[PDB]
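Below: one structure, written as structure tokens.
All protein chains of the complex are present and in place, except for one that has been dropped.
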Amino acid sequence: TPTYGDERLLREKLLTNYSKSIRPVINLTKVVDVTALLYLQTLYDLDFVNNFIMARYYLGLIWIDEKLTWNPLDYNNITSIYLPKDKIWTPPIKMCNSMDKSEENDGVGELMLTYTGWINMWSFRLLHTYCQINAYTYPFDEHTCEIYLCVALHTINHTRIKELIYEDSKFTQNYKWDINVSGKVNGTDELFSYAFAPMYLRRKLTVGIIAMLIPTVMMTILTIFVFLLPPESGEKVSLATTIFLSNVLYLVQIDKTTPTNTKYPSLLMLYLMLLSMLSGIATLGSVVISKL
Amino acid sequence: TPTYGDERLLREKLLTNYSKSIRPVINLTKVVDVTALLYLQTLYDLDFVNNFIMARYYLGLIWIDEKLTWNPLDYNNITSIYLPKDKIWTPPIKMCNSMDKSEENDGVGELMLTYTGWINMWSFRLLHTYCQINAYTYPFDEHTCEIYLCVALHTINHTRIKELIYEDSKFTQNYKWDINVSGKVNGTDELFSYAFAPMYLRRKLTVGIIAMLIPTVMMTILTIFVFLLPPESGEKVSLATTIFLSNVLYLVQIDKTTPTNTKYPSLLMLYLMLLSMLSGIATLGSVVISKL
Amino acid sequence: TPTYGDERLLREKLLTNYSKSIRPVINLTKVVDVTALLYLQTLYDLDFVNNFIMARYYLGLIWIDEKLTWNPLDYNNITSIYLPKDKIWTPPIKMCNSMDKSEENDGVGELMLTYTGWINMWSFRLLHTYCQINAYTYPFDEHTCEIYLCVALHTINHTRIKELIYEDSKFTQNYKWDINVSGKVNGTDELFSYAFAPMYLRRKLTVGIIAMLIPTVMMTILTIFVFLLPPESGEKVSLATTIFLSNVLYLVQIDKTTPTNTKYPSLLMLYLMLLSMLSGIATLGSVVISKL
Amino acid sequence: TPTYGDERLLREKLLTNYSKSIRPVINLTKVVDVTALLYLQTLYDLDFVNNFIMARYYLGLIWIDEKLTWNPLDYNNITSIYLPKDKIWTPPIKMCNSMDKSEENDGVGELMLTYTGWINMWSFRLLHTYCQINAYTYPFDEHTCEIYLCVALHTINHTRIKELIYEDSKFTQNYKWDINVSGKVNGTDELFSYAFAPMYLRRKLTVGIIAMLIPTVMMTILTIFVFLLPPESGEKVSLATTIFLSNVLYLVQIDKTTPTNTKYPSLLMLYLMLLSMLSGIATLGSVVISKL
Partner (left out) sequence: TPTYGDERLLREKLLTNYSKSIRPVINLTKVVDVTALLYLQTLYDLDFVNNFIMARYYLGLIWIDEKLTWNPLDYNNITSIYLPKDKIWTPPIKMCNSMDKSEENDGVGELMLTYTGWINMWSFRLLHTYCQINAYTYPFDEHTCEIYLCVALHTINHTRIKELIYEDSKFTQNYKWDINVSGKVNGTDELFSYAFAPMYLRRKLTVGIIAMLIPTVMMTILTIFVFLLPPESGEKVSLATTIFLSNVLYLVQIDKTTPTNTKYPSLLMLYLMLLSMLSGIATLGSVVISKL
């Protein structure tokens, strides 16, 4: 059976002439094909004001090393070892479109290496990644966030992202967003290889949200009613003033929470702007009638 | 008696052929059984809006090293030494479901090693760990937060979490949450070993909270009274308007503080939505009667 | 006179067989007695909502090393040297009850060593330390915050906190809190040595605070006056509504700022809750009289 | 074809007598001309209250090394290698006018070196850079933000910024700001070389913004109307009070969001101050007429 001394001998011979900074290819003219595996774990939040999405992923990177190989029968059937991540060449993949707010560094850890040269380098990653969030169809709104991977400095004739396999682990259920992160895409070659996973996010219709909407609907009905009220009823000016006040309160409230960076504005927000304008027109009619 | 030179000799012989990256087993076919001890210290806060719980734990890790052994009679009865945490193999346990906001790194410290090979590696850990917080039964609400431990990259045929012993140290009393973190659970094997401690949190009924509720109750009584008030009393429209205003003020207030990510909405919030709807219906009746 | 070469020779002989990880005692059966000196510098703030106190201290640690000694007459009267903090054994003292938000690491610096073995290791430390803040007697409120020191992993038969000498440096005057941090306490032995300094904090009565109170007092007088107002005066309902509004505005305001984690609620807050209830009862009487 | 052993030999000979701290020039009397390439990627936000702009750039640095050269025919046509960034001399360029909030250190990475000595050192950089933000012509406002580069400590007779080439990558479209970052500028020599890229930012006129203004315009019309209303209409005092309230609500609202550090105040804010003053004058006229 394999022993501690056997693995020690294997590692000692394995790392004899290894340069961490020289790409791991016998012939330097060939590229190293990296296939990345980005399994989402949890979608913590979707910050509308800052245009970010906070999530934790299980970024995986797989490639082939041609210098790190061995006949396992020559080492008592040792088929795999674990190496410190900072002793071996690692492709310079970065979360190109993201602020990596991770708590561990990307050079402290361990990777799994197989006797054929295949390296697995699973790594956890908490990302604050930029998304262009359009709150147009709120609250029945959808969004598309692209999580980018790209090599840092290597050219496509040196290192390439062969493929990007993105899935969802289903660790937790959200109850606020319906996440749809599935599919395979080849890397895009434009001087530096890079790929992106499209994340589709649909807000789930919660009865808390529908209840929060209900006040808006009944205020619209009430505004219509007071606008239809007889000019000589006597309550015109009073209810027009009080409900213009309340309308402006909700307009300020929503406007301070709606994203300011959208391709189009929020339909609901504009519908409440129209409501406030109609309340103002009702007040105008009331004062005009009162003076005349 | 044991001396400084004796411990120096012991350490020098002990670390002679030790590889930090080779698992500590004579035969590599055997697994290293890690038993984790997670004693809670303080529950700083339960952030509802961010769906996190902030606490400080005394994470402990115990396993057995088969290479680090000695006959203590051969070294003047030295029964235990202290080694720097980064010189010895350490299982790659991570707070899988947590943002480790600790201030010290997880590779700077010290561990206690016993002559039989048993290693104790107590470590402090301040965690911002994700919890699905349902504010349904507020303020008589309960919650279940699972604190996850899982090996980072090792397979179950290499490293396993034998057990998880979680308790509460009682360092401090909360006065806001009743914490119930006690029990033992075996590790779960699904390609990577992992376990979780269930933390049950019950909000303690404080008289500050009951006093905060009292205004809501008296506003409900007052709304019922004004709704029952005679249409021809003369105060109908006035009190309906003013109390619809105040109702909406409390509705906005609570809605901006209630969690938006819940399996069900807050019953109290929906009860105040119903109160606001009834106030609106009272205003509708008042205006209808006033015009007719 | 002592020279650079003399100190170089001294250090070279001093560090010859020193192991940073072996406790500094000739006989390992004896404990190392550490006396800690915690001089407060400034009390930046007392955050009520987060239950923390922010301050900057001059944590000092003194112990005796039995391996690091020399006859000063043998080295041209060199009586003390300065060593890098990470080359020498340092007791593993941690701010057990604190989030060390310091900006320098605890392994980068310098310590003063004397020819008798005595080590001084003064270190600055900015702490966010947990305190159970009870806002009961606000604004004439007092608090007790205990700053904890405890060894990280060493047993009481290896390392002990001999004493804790805590004082105040008086660097700055607060004008908001009266600080009383003075006294000496022996360490407490419960498997791991530890001690704590009690910090008493009394809010200083400022005329800004008394002025902030004045509105509350005059609102109480005014509420009493309107409650005593004749039912048939005609201003009853109007002033009851407007002053219930303003009362609720201040009640919401204070409740959003008062700590939610207190042994008892704030007396002033409950007195304003009673004020709001009395305003509601006045409104109830007014509407009842108006209908009848 | 070039091989791993060939590149190993090349690097071994290349780094034989290289001192990272000695400037890379054969004759020390000559300067190293550094040309910097600052390609903007995304303009995350423009924080008005803090006077900062948050963006992510692709800072590039190019210079010539006279010690790191080779005849590529002597090494099987190896024309370029990749070196770790901390093994080679790197010009001490700093984001002089910026808080570098990047997540990777500036001494961990890789650079591209060519057989003629030319070094490319592309590096990602997320910057919180100070800008003097004048909200005068809001919301048709423009701004000029200068991104500064300057050598840290080297004199102009040692290191110089030859040129600064700044462009925009167009990675993402903003929809909130029109960015115009293009042009070439020579470095400025004043004891320490330095250059700056001028960034012009024009707020794009969105229909969400125009809708947000619409309430202000109709309130101005309504204030004019009520000011023109007959003194004896009977609604003067009522609408003057209610609309002074609402005016002050919007004045407080805008004033709490407008930058306090501007060369001139916001015209729109001052126009609404004038609106509030006119409402106050209307109230003055109403009360004066009512008493007389």
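Going in written order, the chains are labelled A, B, C and D, and every chain counts its residues from 1.
Definition applied: a residue touches a chain if its C-beta (ideal position, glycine included) is under 8 Å from a C-beta of that chain, and two chains touch if they have at least 3 such contacts.
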Problem - Options C:32, C:61, C:95 or C:111, residue touching the unrepresented chain - result: C:111
Completion exercise
Among C:212, C:274, C:288 or C:289, contact with the omitted chain is made only by C:212
Fill in the blank from the handout: Among C:27, C:116, C:157 or C:253, contact with the omitted chain is made only by C:253
Practice task
Out of C:40, C:59 or C:83, point to the residue that touches the absent chain in the complete complex.
Solution key: C:83
Handout entry: Selected from D:8, D:67, D:85 or D:162 as touching the chain missing from the view
Key = D:67
Practice task
Extract the touching residues of subunit C with respect to the undisplayed chain.
Solution key: 1-4, 6-8, 11, 42, 44-45, 78, 81-84, 103-104, 108-112, 120, 122, 124, 126, 171-176, 206-208, 211-212, 214-215, 218-219, 222, 225-226, 229-230, 233-235, 238-239, 242, 245-246, 249, 253
Handout entry: subunit D residues touching the omitted chain (full complex)
Key = 17, 19-29, 50-51, 67, 92, 94, 96-97, 99-101, 106-107, 130, 132, 152-154, 237, 241, 244-245, 248, 251-252, 255, 258, 260-266, 269-270, 273, 276-277, 280, 283-284, 287, 290-291
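The definition used in the following text is that only the chains that are shown with their structure count from here on.
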Exercise for the section: With chain centres taken as the means of their Cα atoms, state the distance from subunit B to subunit D in Å. Expected result: 39
Exercise for the section: For subunit A, jot down the residues that touch at least 2 other chains. Expected result: 245
